[PDB]
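Please take these sequences and the hints and turn them into a complete structure.
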Amino acid sequence: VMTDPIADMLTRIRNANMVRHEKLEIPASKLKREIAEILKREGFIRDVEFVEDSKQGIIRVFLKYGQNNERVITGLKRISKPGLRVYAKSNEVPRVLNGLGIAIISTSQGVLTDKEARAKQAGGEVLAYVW
Amino acid sequence: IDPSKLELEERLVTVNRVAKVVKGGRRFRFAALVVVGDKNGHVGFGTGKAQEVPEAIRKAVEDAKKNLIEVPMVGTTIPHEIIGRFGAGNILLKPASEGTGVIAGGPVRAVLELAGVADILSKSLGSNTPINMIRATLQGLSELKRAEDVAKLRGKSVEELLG
Amino acid sequence: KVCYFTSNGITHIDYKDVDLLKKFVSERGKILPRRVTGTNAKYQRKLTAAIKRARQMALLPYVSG
RNA sequence: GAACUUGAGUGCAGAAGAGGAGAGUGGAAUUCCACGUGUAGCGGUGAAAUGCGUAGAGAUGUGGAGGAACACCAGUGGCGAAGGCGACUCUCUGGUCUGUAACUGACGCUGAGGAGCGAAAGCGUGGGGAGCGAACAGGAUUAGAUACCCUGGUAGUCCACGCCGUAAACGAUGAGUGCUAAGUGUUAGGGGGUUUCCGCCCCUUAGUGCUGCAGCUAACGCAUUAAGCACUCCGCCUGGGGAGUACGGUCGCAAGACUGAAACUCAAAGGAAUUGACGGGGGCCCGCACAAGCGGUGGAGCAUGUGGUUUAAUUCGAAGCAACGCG
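Line by line, the protein sequences are chains h, e and r.
The entry's author numbering puts the first sequence at residues 2 to 132.
The entry's author numbering puts the second sequence at residues 4 to 166.
The entry's author numbering puts the third sequence at residues 14 to 78.
There is no bait here: all hints are sound.
Chain e side only, calculated, beta carbon under 7 Å to chain h, not exhaustive:
hint	residue
1	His83
2	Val153
3	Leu156
4	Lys159
5	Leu165
FYI, nobody ran anything at the bench for these hints, they're computed from the structure.
No residue lacks a Cβ here, since even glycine has one placed at the ideal position from N, Cα and C.
In structure tokens, the structure reads:
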């Protein structure tokens, strides 16, 4: 059965990205929606729509490709998993691809990027890497 | 890439005597593997067969000159860590500090030194077959993203990227 | 070829209907294969049961001679 | 703690199926028994023989006995968790699939240990026994033939109960979930499109095949039935022998099963693919290759060369074709 919705959402993006799809639709949740919003703010995806319905909602994500159809998102990794959680100290918050990518940490301040969390001297669960 | 404009050094990585069996005996040939590079961010490899070693090496150089790639280089090192993977060849390439020098295995070193990378850590994590180690190294080097172009793709300034 | 039963709107094949059944057995009494008679898969199975019931009740022969 | 319905399940309406257990019934064929007709072999092999037959065989007609298996249908068809399940009828009974949104509202996934099931052989008790057939006997074959082949043939194969618990038990591929081009068959449904229909076409689920992108792989190949991309849980691997062995423990009537080493020993063992070579593999083609003919050699006397042996020396070299009237 479904065990890691966050991982599953990342995989939908990875798979859709791999075949240069324009858009994908992810079943929504509060945490998945926050991750999607970071990707837009950080310029990894084009746009994100939240469609309501009777069920839990759908996130339509529009992927972003440069000139020459180049994929902006090169890779996505799930770090914290249901089987092995990963929490980081404020000073041990990882940089991703030597600062060319981002890491998404869930903190008590909110769901931030690595840079944002570092400025607040906050740690927390390291959700994913994106580069 | 036009190799004429570039000043290309050539380095002989290996020469394996290979054999095709036929009636009566064995037809030996020599398979030279050569890397060439300008030492200023361009490097390529080629493979040439021939019955005599000099001719094998000549044919490798022409092949290598056809397949030059451009290796992104931040200062004297690579922009970020990468694991070059090709078949069982699996090379890890890490950026290093100034004055570290090139710390790499034999065939990997040829590629990096001819590419003109001065400071880099590497470690072969898979097969040490020269041809495949080189292919893995160049596959990995071909995946290096320069900070400037990433900013353009993501629609941000380099200041926002580095942070 | 087309299935005889779907064409004529035959929902229920019956082992009693000997005259109909006899169109599906060979000269020797062998049940003709579906590939040769064009019957639908579903109706071939129903038809096979009918012929076997008929042969049991002496409406059709097992071996003609 | 309170809600929600997608997961999961229930209700309601349909569908297919060699799913299982029990009890019956049917037709073909083999064997045996009785009888009629009928006469000299039948059977078997590469060739034979052993064997059966004038005491009437084999062949042929009628009837009867008994046991085992279910031609055609039949199909990379169906069903089952796997092993496995194929004549028909009835009794009992499990699961899956489709639609529906009436209901519950996370009730789910995996699962060490444990329990149950688990082809064939085998074992215990008692039945049954046609065909087949380990063992065994005889006839052949062979240098030998404790084999292949032939004629017989015991256990067994079958049934009831119990035990055994192993297979190349294989898709050599754990279970669950989601995501990621297409084309094309086929099985069981649903909806629709022109209709009495038939049908054609379109869509949709769930299985079952082939081809084939991306991706993966050492390669071969996999590819919406993944060996791709992910997440959860379980099992298992760490060079080849020694060895699935020894000791111990558990299980078993026994055979043995499960668990499971080390000393010692080697520097390999191995996977895929490539080039050739070979095959008592296949195809095609050619040659005094065979076939169709002619004349020889091997026998005799002698010439010559060689080997052996004898010599004081019997000079040296040549050894399948490709050395031997050769230097």
